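Chemist: Listed below, chain by chain, are the residues.
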Amino acid sequence: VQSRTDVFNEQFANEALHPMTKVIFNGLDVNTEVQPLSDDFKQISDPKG
Amino acid sequence: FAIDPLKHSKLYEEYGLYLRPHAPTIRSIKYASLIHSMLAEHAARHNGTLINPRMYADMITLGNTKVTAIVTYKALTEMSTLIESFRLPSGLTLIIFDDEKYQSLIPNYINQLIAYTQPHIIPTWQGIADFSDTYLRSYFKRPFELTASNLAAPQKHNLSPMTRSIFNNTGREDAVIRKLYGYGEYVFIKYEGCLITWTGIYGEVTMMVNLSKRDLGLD
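Residue numbers (full-length UniProt numbering), protein chains in the order written: chain A, 114 to 162; chain B, 2 to 23, 40 to 85, 131 to 281.
These are computed hints drawn from the structure, not numbers from a lab.
Possibly wrong hints are sitting among the right ones.
To be verified - FRET-style restraints, in silico, Cβ to Cβ: (1) A/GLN124 <-> B/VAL238: 45 to 55 Å; (2) B/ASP161 <-> A/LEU130: 26 to 36 Å; (3) A/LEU130 <-> B/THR259: 25 to 35 Å; (4) B/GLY189 <-> A/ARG117: 17 to 27 Å.
Ideal Cβ placement from N, Cα and C applies to all residues, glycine included.
Let the hints inform the model, and build the full structure from the sequences given.
Modeler: Quick look at the structure:
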């Protein structure tokens with residue numbers, strides 16, 4: 114059951130007007146990443162005295 | 002009109018628009050066709066283009082610019143004795159009605175007046191030319207639809223052969239409806255295509271074919 118916006122000839126004209134950008138995302142939208150402020154400690158596993 | 006309906010009457014007969022038999042508008046439609054014999058001559062005189070169409074268009078459209131060396135202003139002088147001849151209180155007006163058959167058949171000398179007129183435009187629904195407008199309704203033959211509901215007498219709906227023409231929408235034969243129902247002397251418009259109103263997924267869809275109702279089946 115479609116009337117009439119599911120046909121691509123009328124859908125393509127109703128997307129030039131108000132172009133959709135935002136989609137439903139039920140998480141956290143990661144857009145950047147952060148480096149640590151100081152690479153200060155080495156992370157060796159079995160220490161040597 | 003752009004094309005006069007007494008020297009060129011069959012084109013209006015093709016649209017379903019028959020000329021009313023022969040009064041202040043019966044007299045005016047003869048006055049307008051007299052201008053076209055004057056106008057056409059003038060745009061012979063100098064091929065094609067009648068010269069100074071601005072003072073031309075301010076005479077037919079507007080009761081305006083009476084004029085009386132000369133030969134320049136000769137065709138204006140011959141015309142100001144022609145339109146002040148018949149006493150009008152205002153202009154005559156144009157009437158292109160927006161049809162690629164009708165707009166193509168406009169002669170050259172009428173189209174040069176269209177720039178300087180503000181003409182009256184009659185909007186075609188799909189064609190037929192649809193019958194409002196004191197021009198189109200007092201000049202000739204506001205018609206009468208004859209669908210399956212309005213049967214079967216001319217005395218019943220108070221029609222007259224000098225004012226209303228009849229549009230066959232029965233599905234019956236053409237020859238019987240002006241035989242036994244009393245529609246003799248009532249002239250009938252001739253349409254040779256048909257319009258189909260289909261059902262649709264989305265709604266009512268009106269398409270047309272240029273075949274008559276007999277030439278294809280489907281009813």
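Chemist: It remains to establish, for every hint, whether it holds in the given structure.
Modeler: Hints, verified against the model:
no.: 1; hint: A/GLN124 <-> B/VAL238: 45 to 55 Å; verdict: holds (52 Å)
no.: 2; hint: B/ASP161 <-> A/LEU130: 26 to 36 Å; verdict: holds (33 Å)
no.: 3; hint: A/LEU130 <-> B/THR259: 25 to 35 Å; verdict: holds (31 Å)
no.: 4; hint: B/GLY189 <-> A/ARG117: 17 to 27 Å; verdict: holds (26 Å)
Comparing the model with each earlier hint shows no violations; every hint is respected.
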